[PDB]
Structure formats: structure tokens, C-alpha cells
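Please construct the entire structure, taking both the sequences and the accompanying hints into account.
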Amino acid sequence: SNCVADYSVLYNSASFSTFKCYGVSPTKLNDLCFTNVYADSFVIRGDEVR
Amino acid sequence: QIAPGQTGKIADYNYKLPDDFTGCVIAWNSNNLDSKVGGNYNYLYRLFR
Amino acid sequence: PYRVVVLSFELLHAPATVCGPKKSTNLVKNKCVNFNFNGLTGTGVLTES
Amino acid sequence: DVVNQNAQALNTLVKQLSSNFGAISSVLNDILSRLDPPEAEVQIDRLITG
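Chains as they are written, first to last, in PDB author numbering: chain A, 359 to 408; chain B, 409 to 457; chain C, 507 to 555; chain D, 950 to 999.
FYI, nobody ran anything at the bench for these hints, they're computed from the structure. Ideal Cβ placement from N, Cα and C applies to all residues, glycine included. There may be inaccurate statements among the hints.
Unchecked claim - DSS-like mimics (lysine-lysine), calculated; alpha carbons at most 27 Å apart, straight line:
id	chain 1	residue 1	chain 2	residue 2
1	B	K424	C	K528
2	B	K417	B	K444
3	B	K417	C	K528
4	A	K378	C	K528
5	B	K424	A	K378
Stated by the list, open to error - Sample of chain B residues facing chain A (criterion: CB under 10 Å; computed from the structure):
id	residue
6	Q409
7	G413
8	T415
9	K417
10	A419
11	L455
Below you can see the structure in the form of C-alpha cells.
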């Protein structure tokens with residue numbers, strides 16, 4: 359909460375293999391404003407990413 | 409990222425596809441020809457724009 | 507191993523505090539302008555309520 | 950009765966703008982923001998048909 363989500367920073371040191379967005383188009387993420395943002399993180403095997 | 413309606417450094421600053429595209433995108437791994445033991449620095453990409 | 511982060515949110519129904527890198531402009535009233543209030547786009551005339 | 954029926958018909962025509970018609974939202978602004986053209990066209994077409 360209370361921060362600008364400028365994801366251009368991740369371009370230098372991140373390489374994501376699977377990026378899927380549901381309910382929103384990935385090209386519209388630069389114009390929107392999100393409420394009640396939560397980040398869930400965990401580690402699984404390669405076959406259960408799907 | 410080579411697909412209509414995608415984000416990322418490639419689709420934003422390097423190569424963008426139109427939303428109405430007729431055609432096929434074909435890709436295959438080339439690690440046996442485009443990789444060197446010390447590294448291959450001949451391939452470039454645009455990171456800032 | 508693969509690290510997975512899932513990001514959840516709602517859109518255009520409740521007050522938001524994150525927003526994007528878009529830069530805001532001045533408020534022009536009593537005129538027909540395109541507006542972008544917290545991601546909600548549209549056209550109309552803005553008046554005091 | 951004539952004026953009542955005509956007024957009711959116009960009022961219900963106005964009120965039927967709140968129907969999703971199978972789309973994710975009933976407002977074109979909310980469809981056009983957070984959806985890019987290629988997948989917002991489907992929702993817009995549903996609303997147009999309704």
C-alpha cells in the first residue's frame with residue numbers, strides 16, 4: 359500500500375518465465391490504480407507452476 | 409513476449425506485434441549455435457526507451 | 507525449484523493507494539475533457555457536487 | 950394510461966442499461982479500462998447485442 363507500481367525497475371535483474379494476468383490486460387497495467395493489493399509468495403517444483 | 413497484447417522489455421522497446429495479426433510465430437532453441445564458452449556478446453537488445 | 511508470486515487486487519470499485527507511473531495534471535472544470543480518475547477513463551463535464 | 954405507458958417504456962429502456970448481457974461489466978468505461986482492444990471487443994459486442 360501507498361507506493362507507485364513502476365515495474366520497469368524489474369527489467370534489469372529479473373527474467374520471468376511465466377506471466378499470466380487474469381481480469382486485466384497486461385498493457386493496461388501502466389494506466390490503472392489497484393486497491394487491496396496482496397502478494398503471495400512460495401516455492402514449488404517445475405511441474406506444479408501450471 | 410512475441411504475441412499480441414503482451415508486456416515486457418522485448419514487446420515494449422524491441423519488437424511489438426499488432427493486435428490484428430495474421431500469421432504464425434515459430435521459435436526453436438539455438439543453444440548449440442549461438443552460445444560460446446566464454447560468452448557471446450554479439451546479440452544486443454534495447455533496455456531503455 | 508520455481509519461485510511463484512501471485513498478486514491479487516480489485517479494480518475501479520474501491521479507493522486505491524498504489525496506482526501507476528502516470529503523471530497527474532490540473533483539474534479543469536465546466537469544460538468537456540477526457541478524464542482519468544484512479545484508472546477510470548471517460549469523457550464529460552466536471553462540476554462541483 | 951397512454952402517457953403512463955410511454956413514460957414507463959422510456960424509463961425501462963433507460964434502466965436496461967445496467968444489464969451485463971453476459972459481459973464482465975455493464976459500463977463501457979470499465980470494459981475499455983483494464984482490457985485491451987483484442988479481448989475487450991468481445992465484451993463490447995455482447996453489450997451491443999443486448
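Each hint tested on the structure:
1. B/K424 with C/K528: With Cα atoms ~21 Å apart, B/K424 and C/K528 stay inside 27 Å; holds.
2. B/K417 with B/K444: holds, 24 Å
3. B/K417 with C/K528: Holds, at about 18 Å.
4. A/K378 with C/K528: holds, 23 Å
5. B/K424 with A/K378: Holds. B/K424 to A/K378 sits at ~18 Å (cutoff 27 Å).
6. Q409: B/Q409 check passes; min Cβ-Cβ to chain A is 9 Å, inside 10 Å.
7. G413: Holds, about 6 Å.
8. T415: Holds - the Cβ of B/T415 comes within 10 Å of chain A, reaching about 4 Å at its closest.
9. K417: holds, 5 Å
10. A419: holds, 9 Å
11. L455: holds, 6 Å
Of the hints listed earlier, there is not a single one the structure fails to meet.
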